[PDB]
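Asks: Residues per chain, in single letters:
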Amino acid sequence: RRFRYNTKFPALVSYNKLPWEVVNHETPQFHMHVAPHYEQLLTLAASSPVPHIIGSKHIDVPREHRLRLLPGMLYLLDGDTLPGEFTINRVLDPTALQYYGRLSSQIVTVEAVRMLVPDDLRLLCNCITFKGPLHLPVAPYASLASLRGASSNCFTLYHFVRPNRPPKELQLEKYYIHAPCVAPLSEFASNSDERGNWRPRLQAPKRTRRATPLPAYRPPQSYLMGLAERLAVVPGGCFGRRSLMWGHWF
Amino acid sequence: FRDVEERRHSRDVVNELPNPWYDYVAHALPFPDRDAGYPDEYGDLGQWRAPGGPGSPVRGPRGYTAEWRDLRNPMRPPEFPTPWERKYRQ
Amino acid sequence: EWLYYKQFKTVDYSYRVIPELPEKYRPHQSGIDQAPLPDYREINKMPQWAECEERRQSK
Amino acid sequence: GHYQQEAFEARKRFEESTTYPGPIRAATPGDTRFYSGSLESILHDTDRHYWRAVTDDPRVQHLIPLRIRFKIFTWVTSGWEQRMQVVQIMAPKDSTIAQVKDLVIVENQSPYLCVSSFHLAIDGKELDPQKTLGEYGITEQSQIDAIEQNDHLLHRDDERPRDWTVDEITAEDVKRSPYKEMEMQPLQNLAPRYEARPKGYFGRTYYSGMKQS
Amino acid sequence: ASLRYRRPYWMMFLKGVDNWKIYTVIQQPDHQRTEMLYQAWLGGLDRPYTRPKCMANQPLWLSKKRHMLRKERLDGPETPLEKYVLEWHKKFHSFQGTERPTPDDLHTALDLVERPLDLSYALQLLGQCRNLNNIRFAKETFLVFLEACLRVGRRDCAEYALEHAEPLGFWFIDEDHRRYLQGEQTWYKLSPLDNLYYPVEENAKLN
Amino acid sequence: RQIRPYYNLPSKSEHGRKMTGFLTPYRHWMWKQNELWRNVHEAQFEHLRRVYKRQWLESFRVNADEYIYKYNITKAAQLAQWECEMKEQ
Amino acid sequence: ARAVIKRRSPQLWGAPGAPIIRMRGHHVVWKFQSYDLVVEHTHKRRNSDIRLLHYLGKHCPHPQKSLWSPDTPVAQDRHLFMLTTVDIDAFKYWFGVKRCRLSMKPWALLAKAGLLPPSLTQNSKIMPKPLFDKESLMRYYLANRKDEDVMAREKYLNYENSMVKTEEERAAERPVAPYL
Amino acid sequence: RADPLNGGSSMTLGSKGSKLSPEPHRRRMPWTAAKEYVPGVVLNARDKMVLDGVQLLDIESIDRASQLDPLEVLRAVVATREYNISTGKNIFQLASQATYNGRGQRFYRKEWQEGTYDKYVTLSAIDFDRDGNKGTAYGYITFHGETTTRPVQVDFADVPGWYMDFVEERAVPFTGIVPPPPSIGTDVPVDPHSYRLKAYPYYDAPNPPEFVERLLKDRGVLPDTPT
Amino acid sequence: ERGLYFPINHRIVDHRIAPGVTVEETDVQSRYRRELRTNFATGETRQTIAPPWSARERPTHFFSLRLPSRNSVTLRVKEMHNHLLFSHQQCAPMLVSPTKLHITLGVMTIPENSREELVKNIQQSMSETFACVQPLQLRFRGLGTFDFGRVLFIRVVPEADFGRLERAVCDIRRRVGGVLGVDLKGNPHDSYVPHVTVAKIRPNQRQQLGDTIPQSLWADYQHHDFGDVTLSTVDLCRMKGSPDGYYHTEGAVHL
RNA sequence: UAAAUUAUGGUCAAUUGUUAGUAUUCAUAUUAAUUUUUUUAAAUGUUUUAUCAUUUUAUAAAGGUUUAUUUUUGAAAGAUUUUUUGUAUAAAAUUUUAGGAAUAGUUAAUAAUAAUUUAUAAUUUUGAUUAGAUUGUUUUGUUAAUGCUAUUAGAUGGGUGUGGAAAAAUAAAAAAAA
Ligand SMILES: [Mg+2]
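Residue numbers (the entry's author numbering), protein chains in the order written: chain DR, 11 to 161, 172 to 270; chain DD, 661 to 721, 734 to 762; chain Cp, 126 to 184; chain DU, 15 to 227; chain DP, 10 to 216; chain Cd, 10 to 98; chain CP, 9 to 188; chain Cj, 10 to 236; chain DQ, 13 to 267.
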C-alpha cells in the first residue's frame, strides 16, 4: 500500500519518484499505445452517434491557434486527403504495423498508416486509412452511417497529438461508452419480416446418452516448475485466479 | 471431511452438551468488574481494606411527598398483623 | 554445494559469491608492461599446409 | 465527482439566499498554528486542526492553489530518467495567465525547470494568456502542465542530456551548466551522490503503463 | 543468497564482471591511481582518465573508441577478398552494431576467391554468417559455393557440405548438382550463352 | 524448509547451486496430495479462528454494555454530588 | 535484510511482525523444568520481555498424583495429572481478532485442553496419510449435499452475529402505549 | 491482498504459499512479481564436450598463420551448429528457417502441450539484432482457445525449448499484417468437432494408477522386498 | 553546516495532496511559508463577513466619529503622506486627502426611495444612545489591510474608553439593524472594528494601480504611533465629499 | 465545646551482641555476601530460489553518556476484490564529585535565504560549560520502622543512504515459504 506523505527526503530532490511515462512517435510503442483506443473508437462510432467524429473537410486553423485547437482533435473523412504543411512518413516497420492486427482483422482491414509532422515539429497527425466496409454491423443512426465508406470506398481517420507527451495527452479516454449493437434484435423487430420465420422452443430436448468423456489423460513427461498455487502465478501464467487452479499440468 | 465428521458427531449422545471453554468467552474487557485485593490509595494491602468505604466513588444525593403516605404512626394498628415477637420488637 | 560456497568467504555461509580481493589485481601493477603486439610479419606467413595444397593444386 | 457538484450547488443556493444577517465573526473561529506533533501540516481552507463538529457556511475561494507539472530529467546512476515535478502557486480568484506565469516562474525554485520560455496547457490544449481562470472554469482540482520551447524534440539524443555511460563528455562539456553539477571524477567523499537503481529494476523492458510480457 | 546488502545498490544484477569490490572501493587513493594506470595501460586517451562516478563497466564511448583504435590483424590484404574481409569486419563487426549481413554480401564475398587461403576465409565467413548472424540462404548460394570450390580445387569441401548440407542450412540443393557430386553425373551445370557443360575437364569430352 | 529430491534436475553449473528448484511430475502430483491434507486442517483452523473472533466480539459487546451502564450511573451520581456541593458552597 | 545474518536463529519476513504463541522456558535440570505459554512477536531479543503482547500461563510438564483430591477408587481419576494454567479470553482475542500464529507444542497443549483440534505434528504411525480422488469426492458430494439456505444460515450464525433477537424480545422492547 | 491462497488461513508458514501474491510483495521491487519461468541454467547449459571433436576458430583470430584447412573450418561450423541445436530450439532459430520469419506461425514449448496444459503463441513480429540467436519477438498468446486482444512481447524467446510446425496457409507476408487468432468462445462459435476443451476452471485430472502405486509404495502400505 | 541539518521552518508536509502520490507518483515543490505568514505580520485584519446578498449592492451611508481638523492624527498622517510622497511619487492617487479622515463605526445601504423615514429613526436612536456616554479617548497606532490590501487603515488598539466605544457600537447596531430593517454589511450581533482609512484603491483605479497595495510602502510605518485622540461627536454621513470639500452632513449628534 | 452500642468487624508493626569513671552512633555479635576444604567450555554448515543473479532472514558485549535516547505501518500479521482512514520525529520531572567559574559554527526572527541578512542574542553561582565517576525512574541486603546499602543487559558520526524500520560483520536454546 501507498498512503504516506514525503517527509524522509526534501521535495526539491525527487529521490524515489517513478519515471513519467512518455510516448515517442519514433518508436512502435506509440502504435502499441494508440491502436486499441482506435478500434474502440471505431466500434463506438459504428454503434452510436458520436459528436465531432465526422469530418466534412479538413479543419482550417491559423498558426497561433494551431497548437491550441488541433491537439486532441480526432475525426474521420471519406476521401484519402492529407493536410498541408505536413511532411509524410509511411509505416515501413513490421513491428509498428503489427499492433493494428486486431483492428485489421476483427474490425476493418487497414489500408495504410501515415504520420504527418508539421514544419515546426510541434504536432503529430496520425492518419490511418481503412479500405473496405466495416465488418461489424453499422446502425442506420450511427455516425458511420453518414459515411459513404460503409454500406471512394476507403475512409480515413485523423488524430492530432502533441509529440513527447504522456499517454494521457490523447483524449481517447472519453470515447469508451459501450453502446450495444442491435444486430440480433433487428431480426425479431417489427421492421424485419423474420418474426414468423423464427420458431422458439421452451422445453429442452430429452437426453438419452451421457456426454462423451475426455480422452485418456497422460501425465506430463517434462519437468515442472512447481505448483502454481504456491508460486502465486496465474494458472497458465496469463490470466485466471491463483486459488482456482486449472489448465496446468494436473 | 467436514460432513462425515459432523454426521459422526451428531450420532453421539455425550455430545450436544455445553462446553464452557468453547461455546463462549467469559470476560473480554481488560479491566475487571470489581476490585480484588489491590493496594489502597493510602498504601494499604488488600487484606487490610474493605470496599464500600469513603474511598469508593460517591453515591450522590409546599406539601407532602410520596414517601409520606406509607409512613404510619405505630400507635395506630399495623396494616398487616404479623405476629412479631415482643422481645424482637423491643 | 557447501564445499563450492565455502571458499568465497561468506560470514554467515549464505550461499553467496564474494570473490577474494588480491593485493595486486591489475597486470600493470602485477608486474607486466603493455601487452606484446604480435609479430605481424610472422603471423602473415602462409601456413605450411596451405603451401603444400597450393603446390598440389599447381600439379 | 459528487463532492464538487454538491459543493457548487450549495454555494449557488447560499448566494441566492437573501434572508441572512451574516455569520458571526466571533462565533466562527480560524485555524490555529499551535497543535500537537512536531510537524507543520497545512490543510484545506475549510479544514481545522481542532475538532469542528459543525459544518460552517461555504465561502468563495480567493486563493486557488494552481499546480503545474514540469518535466524533469533527474540523473540516475543507470541513466537519465524523465519524471514529473509539481510547482504549486497561490493565485487569486481572477488571476490572468500572465500573472500565473509570473507566479510559476517566481515559485519554481528549481535551477532546471525554468530554463526557457514555456506555455501552460491543459489536457494538451494551450491556454490563451489574455483571459483569466473564469473563462476556462479552472478549479483547484484542474490538471495543468507546461510545454517548454525544446520539449517537442526531446526524443532526439542530441536534445537529451548526454550521460557518461554511453556518451563522451569533453573538456568543454564539463564546464557547462548541468555537467559541472554532475561530477564524472569520483571524489573520495563522492560529494554528488544521486539516486541509483539497477538496469534490471524494471526488468528487460522500461517502465510502462501496459504489460509487455 | 542476495548481494543487494553486500554491495552498493547501483551494482545489482551485475554478472560477468570480476571483483565488483574493486569498483566498490575504487574511491580510495591507491585504488584510484591503480584504475588510472590500468586505463592508461589500455591506452586510447591522452589525458589521465578514470572510470565514471559509479560504474563497474567501462563507458560505451570509451570501449567503442578503444575497439576502433585497436590494431587489426592482416595489415596487408593481397587479394580483393582479403580487402573484403577487412571491410566486412569494419561494417558488420563494429562494437555494439545492430546491422546484420545479407546473402548478397555472402555471395559477393564468395565470388572473390582466387587462392585456397581466400577459400578458407570465405568458408569461415559463411560459417560465422550462418551461426552467429543466422541468415537464411538464397537459391544460388550453393551454386556459387560449388563454383568457388571447383575453381579453387576443393572437391572434398563440396562433398562434405553436400553429405550433411541440412546442418549447414543449405535448404536448396539442385538434383543436377547432387547427382554430379554423388559420383553419378560427370557435369553439374551448363553455360547459357556458351552451351557447354562445366567443368572444363568434362567439357574436354563434349566440346 | 523446502524438500529437494535426489532424483531432481541436476543444475550442470559450477558457478552456483548443484540442484535445481524444478521437480518430477510425480513429485508435483505427490506434493498436491500432501498439500491437500494441509488444507483439511487449516480450513477447520480458519473456521475456528472466525468463530472465536465472533465470540470475543459478542462478549465484548455485552460486557462493555454492562460497564457503560454502571459507569454512567456512577458518573451521574458524582455529578449530582458535585452540584449539591456547589450549591452548599 | 542484514549484511551478516544471525545464522543461528533466523526467521521469516523480518521484525517485528506476526505475533506467535510459543512456550518459553529456561534450560534447567529437568526435575525443575516448567514452560510458559505466551504470545510474542516472531523475533525476540536477548530478553524475552521486550516483545510480550500477553501472558497465557504456566505449564508444568511433570505428571503428578492428585493429592488435592481425596483418594478415590476411580481408576481414571487416579491417573497422573499434568497441570497447565491457561488464559481463554486473551487467547481468543489474539487468535481471532489479531489472527496470531501458534507453534506445535502450544497447539498440542490446546488440543488436549479442547480449545483447538489436534495439531498436524501429532500423528499415528499406524494410520498412513491417505490420498484423494476427484471422481469419488464428486460422487460423495452428489450423494449428500446440504441446502444452500441452511448452509448460509449456519455460516452466518458461526461467523457474523449469532445472538439474534426474536419476536418475543422485540415485542417486549417495543415502546409502551402512553408514548404512542 | 490480491490472491490469498486458501483465504487468509495462517495455520503454517507454508499455508500462505511460497509467494504471497502475484503482485510484488515490496512496492520498490517490481521484478519480483510472480511470473512463469523456465530453467535458465539447464536450458543455457549447452553441451561443451560435443565441440571437443574438432577445434573452433575464433572470430578475432584472422591472421593467416592461424587459418586452418577449409575442410576443418566446415567441420568446425557443423560442430558449432549442432552445439547450438543440442540443448534445443528457440524461436529465433526457427524464424530464419521459416518463411517470412515465421510470422503467423504457432509456437509452443514441450511442457505447453503435456497434461491438461495447452498454451501457444501466434507469432506477430520478430526483431533480430546482430546475433542471430538474440533479439525480441511479439505475438498473441492463446490459452485454451482464448487469445490476447493485443500483441505482447513473448517471454524467454532465447531459451532452447521451443517447437513449431510449419504451415504455408498461416504464413503472413511482410506486406500484410498478422491477424490475431479467433477466440473459440467469443469470435468463432463453439463446436466439439473443431475443438474440444481439455481443462475447465474447476477441472483436475484423475490420479494416474502408476503415480498412485508409486506413492503407495513410498508410503509403505504396499509390500516391497529388495531383489 | 550553518545550523541544524533539517531546520524546523522546512519540515512542512502538505495535506492538500493525495496521500500516496507524494511519496512516489510526484513531488510537490512550492514555498509554503507565504500562505502561513501570520495576519499580524501581513497586516491582515479579519473584517466582518458580509452575506452574498448584501455584498452586491454598494453602501450608501456610514457612521463616523467626527473630529476637528486640528487633531493629532490628522498631522501625523500628514507627515506620513509627506514621507510617502518624498520616497515614492506614484502612491499619491492611492493616498487619500488628510481632510477626509474619519473613524468609521458601521456601514449600511439605505435605499433612496425610503431614506427619509429611516434617517430620522437612525438619528433619534443615535441621540438616545449617546445621551449618556461621555466623550471617548482612543489611542491610534499600527497599520492594517482590508479587502485583501485594497483598504489601508490605522489600527485601534484596545485602551481606555475603547470598551465603552465597542459597547456603544454594539448597542447602536442592535437599535438600528435589529428593531428596524436596515441592510447592515455585517451582522447585528457582531461588532464592527473601528478604523480610519489612510489609503484605498478604488475599483475604477484598480485598472492601473495594481491589484493590491504593496507592503513596502507602509512597512516602516506598520507599527507607527499616531497618538491619542479625543472624540466627542458622531455623524451619519454619505459618500459625497467633492462638492463641499468636506464630509457630507446627513445626521449629527454632539456626544 | 458530648459522651455511645444494637459491642474485639476493614485479617499479626515490634527491637535479645558480658560491658568496664564520664562525654561521643566506631574493637569482639546476628543476618546477607566474598574467602580455604580444587563444583561449575558461550558448538562447529542458516535456508530457499528463475544460476555467475534475484527472493526471506533488524540491537551481544567495542567506543563513558547526569538539563541526555525520542519516531512510522510502506514488509509481515491481513482475510471476495478494487478502494479507503489515520500517522510520527516533539515534551515535562527526578541527575553524581570535600575544598566551585565562566561556556560557545553559538539564541531568536526570517526561508525550503544568509561560509556574507536582521536583533540591546543564548548558557550559568537556583552551581553552567570542560574534567573525573557510573550503562537512567518496577529488581536487592539489613531493620519494628520515616532510613541506609545494591541491581542489569543493550542506541558511540557520516561518507550512492538498501530497507517499512540501520539495529547491518563470530558468539542458539529463535524451527525459518512440503
Ligand atoms: Mg563524562
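Please keep in mind that the hints were generated in silico from the structure rather than gathered at the bench. Check before you lean on any hint, since a few could be wrong.
Simulated restraints on C-beta separations [what the hints assert, rightly or not]:
{"no.": "1", "chain 1": "CP", "residue 1": "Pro24", "chain 2": "DQ", "residue 2": "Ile20", "range": "26 to 32 Å"}
{"no.": "2", "chain 1": "CP", "residue 1": "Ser17", "chain 2": "DR", "residue 2": "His198", "range": "55 to 61 Å"}
{"no.": "3", "chain 1": "DU", "residue 1": "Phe22", "chain 2": "Cj", "residue 2": "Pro182", "range": "38 to 44 Å"}
Where a beta carbon is used, it is the ideal one built from N, C-alpha and C, also for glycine.
Asks: Each hint should be assessed against the structure and marked as holding or not.
Replies: Each hint, compared with the structure:
1. CP:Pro24 / DQ:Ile20: 26 to 32 Å: holds (31 Å)
2. CP:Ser17 / DR:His198: 55 to 61 Å: holds (58 Å)
3. DU:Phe22 / Cj:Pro182: 38 to 44 Å: violated (58 Å)
Going down the numbered hints, you'll see the structure goes against just number 3.
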